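I have a structure I would like to understand better, so I am pasting it below and will then ask my questions one at a time.
A single protein chain has been removed from this complex, and every other one stays in its place.
Here the chain labels run A, B and C in written order, and each chain numbers its own residues starting at 1.
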Amino acid sequence: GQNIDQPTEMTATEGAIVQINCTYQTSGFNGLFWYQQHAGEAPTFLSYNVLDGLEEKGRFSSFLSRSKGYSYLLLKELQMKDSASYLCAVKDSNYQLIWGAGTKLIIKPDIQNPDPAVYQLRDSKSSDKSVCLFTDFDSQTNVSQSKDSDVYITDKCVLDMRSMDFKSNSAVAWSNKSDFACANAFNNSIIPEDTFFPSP
Amino acid sequence: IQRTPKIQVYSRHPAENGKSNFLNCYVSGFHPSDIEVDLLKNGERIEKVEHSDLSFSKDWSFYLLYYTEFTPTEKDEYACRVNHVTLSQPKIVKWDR
Amino acid sequence: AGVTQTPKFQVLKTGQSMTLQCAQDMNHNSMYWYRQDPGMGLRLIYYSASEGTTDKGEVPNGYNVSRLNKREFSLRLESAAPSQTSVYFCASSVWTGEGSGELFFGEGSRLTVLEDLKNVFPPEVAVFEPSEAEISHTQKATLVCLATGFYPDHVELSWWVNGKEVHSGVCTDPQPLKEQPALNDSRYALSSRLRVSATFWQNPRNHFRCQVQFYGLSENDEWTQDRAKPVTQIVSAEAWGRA
Partner (left out) sequence: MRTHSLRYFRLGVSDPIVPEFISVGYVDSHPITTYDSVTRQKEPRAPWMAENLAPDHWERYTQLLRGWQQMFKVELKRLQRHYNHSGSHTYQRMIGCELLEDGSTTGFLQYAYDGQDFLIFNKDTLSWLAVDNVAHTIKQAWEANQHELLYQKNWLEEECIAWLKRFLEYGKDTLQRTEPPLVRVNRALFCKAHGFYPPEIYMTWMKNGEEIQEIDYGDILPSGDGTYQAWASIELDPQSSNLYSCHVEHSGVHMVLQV
């Protein structure tokens, strides 16, 4: 066949439901596969549809309409570990696989008790950088890249302390500039009003 | 269960002496597929024998068409000699008219 | 064991030969080599429907393969080109043609092809101890590890607590930072954090280590620069709990 289309990226919230679309225009049809691929890992088989309908398999369901030429993967009760790419693939008349470009699914953690703050970490005697940690903010907050070319800012990362059933967002900023302070590090970002800026 | 071949001998068009025709030998309904077929002129084998490829029936049996271009005369006698695992001796089937 | 492919990482100079290995112990008949590139779906390079035959996929040029036996299917790069920079995946199935049969993928092989190795750099690794303000405010302690200035993006960062690798309380960036996004050969930066309870951080005998495995040059690779040869190496930085 010719082509498979699925959205580049989708973002949903922990506990909620997400539906990932796959439309295909192919020369014949012998089945639609869904695969899951965690970042840096091998894709693995999730599901297969070839006749019309919905097939359930745990928190994941797979739908197919042959006449409309589309399928969706439904994920219920989203958990952080569902963060991955989901690859759509169709078998054509000659049993050749045509692959979608993949959909990266991003899960926003449900932050029970937001406590946004920007901390300064203690210097390392083996490095000239100083390091700022923007942390414990609600998932609705987005971290912007740096404007200053000698300041480096990473995206928000979700960590899980399983021994406390505790999750938190954080982003890191660093520089070796003399001018660099933590009170200013995330000024290009829209951060919460109540962000704790502990005295230096 | 082995099935012995049905052997039918006939001309392509209705035969009339002097007018060139095609002598056919249709071997059908046999199993398994190994078979040998010859066309006979006055008891002797013809070299000018073409045959279709092995064919498959939906009852799982097989069939074949053996044929030569020929011109029937009142003197000449034609036949089809078939051998198969299901036959003790080669089975000869003569052309009728 | 499933589908096993090697190497996990590889740097190559333009024009270099390369062979990727792949075996499967599942007694599968069909084996495949794919490449995966940003913004597009998997593309088949070569495949082998069963033992004894192979054929071109969608992007065969620059490559050839050998179905050595029923288990093994190796992929060969004739003369490495920058466009062959990619992640290569081996896969197998019980039988191609069987319509509902899924693929089983190997772990992947990250190949980076460079015109010259002079820009290859291992990471600098530094660990930064928790903010006392964080400990006072939240009763938690977040250590941060920075791996900077490395190239290409062939790194594996891990945390080690009291000599054992840990995963709980860890978050490492899924993607590296381009330190200078404007440049095509920009070096990379990666950040990770380990967060522990304040009481755990406050035990002075607790040891924390941030380890970065870098895959770079091997013995055979030629080196003519004044700086140290950026060979495959492990670079780490440490910290002890304070009290």
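Please note the rule applied: a contact is a pair of C-beta atoms (placed from the backbone, for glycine too) under 8 Å apart; a residue touches a chain by one contact, two chains touch by 3 or more.
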If you put the missing chain back into the full complex, which of the shown chains would it touch?
-> A, B, C
From the listed residues A:10, A:12 or A:50, report the one that touches the chain absent from this view.
-> A:50
Omitted-chain footprint on chain C covers residues 29-30, 49-53, 55, 95-100
For chain B, the residues touching the chain missing from this view = 1-3, 6, 8, 10, 12-14, 22, 24, 26, 28, 31-34, 52-56, 58, 60-61, 65, 67
Chain A positions in touch with the non-displayed chain are 28-31, 48, 50-51, 66, 93-96
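The rule is simple: only the chains that are shown with their structure count from here on.
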Note: chain C sits from chain B at a C-alpha centroid distance in Å of 69
Geometric centre distance via CA averages, chain C-chain A, whole Å = 19
Gap in Å, rounded to a whole number, between the CA centres of chain B and chain A = 73
Any idea which chain A residues touch chain C in the complex?
-> 4, 8, 30-31, 33, 35, 39-45, 48, 50, 87, 89, 91, 95-102, 115, 117, 119-124, 126-127, 129, 131, 133, 135-136, 149, 152, 154-155, 157-164, 168, 170, 172, 174, 196, 198
Residues of chain C defined as touching chain A within the complex | 3, 39-44, 89, 96-97, 99-100, 102-108, 124, 126-131, 133-134, 137-138, 140, 142-144, 146, 148, 168-175, 177, 179-180, 189, 191, 193, 195-197, 237
